[PDB]
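To start, the structure itself, in structure tokens.
Note that this complex is displayed minus one protein chain, with the remaining chains in position.
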Amino acid sequence: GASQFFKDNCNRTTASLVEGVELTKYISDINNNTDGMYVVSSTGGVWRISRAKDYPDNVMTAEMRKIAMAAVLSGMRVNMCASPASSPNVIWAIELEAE
Amino acid sequence: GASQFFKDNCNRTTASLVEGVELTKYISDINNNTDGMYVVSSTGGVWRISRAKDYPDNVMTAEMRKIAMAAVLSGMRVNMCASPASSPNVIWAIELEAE
Amino acid sequence: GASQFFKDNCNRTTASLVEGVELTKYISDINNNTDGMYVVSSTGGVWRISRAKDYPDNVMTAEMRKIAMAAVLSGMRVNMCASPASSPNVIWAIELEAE
Amino acid sequence: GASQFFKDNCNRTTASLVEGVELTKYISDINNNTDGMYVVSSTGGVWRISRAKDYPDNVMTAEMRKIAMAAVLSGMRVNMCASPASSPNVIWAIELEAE
Partner (left out) sequence: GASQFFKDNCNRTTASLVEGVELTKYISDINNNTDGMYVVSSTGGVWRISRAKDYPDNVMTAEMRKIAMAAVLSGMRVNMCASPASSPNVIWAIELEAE
């Protein structure tokens, strides 16, 4: 499951830890209100992947997307640290796992 | 099939929902009139992939090209939310599905 | 073979169409007289992939590069629309095909 | 094991050499205090991938992430030159191996 490192970093914020998720859908949407990138788990949960224009978050967010797409393609599980303050919940950190 | 979330976001628009599309061709064309990115389906269907220079749509459009190609390479299915206004229809949201 | 859509766009131009090409070499060169990106087929034909710096062509040419490298790495045939008004002939449109 | 070249380079620095690492986790985090890119090995070790905004280090930093993500995806081991001072240690150079 999540690395202690990951668990610990997450338990330090207001986000919630989601472990061993299997994403089966990857979404790109430029429609006015739904504008964004989302992922869907094999149990129907939906998450919004964070987006940033400025350095450095523009980097990590770009990596969150690669990680996300990689998971959908390979069937690799991921561990998330998502904030439940928005709907869909937004991903603040993501861990791809090969194991 | 398309995710409930995906459907939800598409129906609220004037675009039509296309499900379980098997993409077999990916095209990049720079000739004056057909200037664009397109994807053809196993059924002959053809869509144009939206283009954008500014943030943040430049991000989603880039993820759209990544998803399509991926579909072509992996023979993985996609659900689209496309505008029947243009010829070929333009992609406004797309969903890559593992299952 | 080449999608009808693909065939039609090529025909409206000065260029010509080449189908079912197996690309076996991908080339990057920065030499003074031959700097460029090229691909070579199983038969020994060579083409230059077009290049550009400004939007929106830089986007499409980048996609041409991606398509060419994917073909070489996976052995997936491509259909091209290339101008014989240069040597080697320049690619103006390219279609990646799984089917 | 590390190439003589890689080893020799790592030895001119205050950094230390780690060989044949098997990375199993790739992390993207945008949280206030944890913001950053990290990898975790099969043994439980954690390393932060360096970041840079300006040329040309933004290029190297970019390859490092790719090298890192590639290892996690394909399972190939990496040799790193990391600063043993910080926690997690910071990677300054990385070498991907196949053989």
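For this structure, a couple of remarks:
Chains: A, B, C and D, in written order; residue numbering restarts at 1 for each.
Here is the rule we go by: contacts are C-beta pairs under 8 Å (C-beta built on N, C-alpha and C of every residue); 3 or more make two chains touch, one makes a residue touch a chain.
Across the whole complex, the hidden chain's contacts among the shown chains comprise C, D. Annotation: of D:30, D:67 or D:72, D:67 touches the absent chain (contact as defined above). Panel shows chain C; residues 23-31, 33-38, 40, 42, 44, 46, 51, 53, 65, 69, 72-73, 75, 88 of it touch the chain omitted from the view.
Think of the hidden chain as still there; on chain D it touches residues 3-6, 9, 12-13, 15, 50, 52, 55-57, 59-61, 63-64, 66-67, 70, 74, 76, 81, 92-99.
By our rule, only the chains that are shown with their structure count from here on.
Chain centres here are Cα means. That of chain A falls 22 Å from that of chain D. Chain centres here are Cα means. That of chain A falls 36 Å from that of chain C. Counting only residues that touch two or more partner chains, chain A has none.
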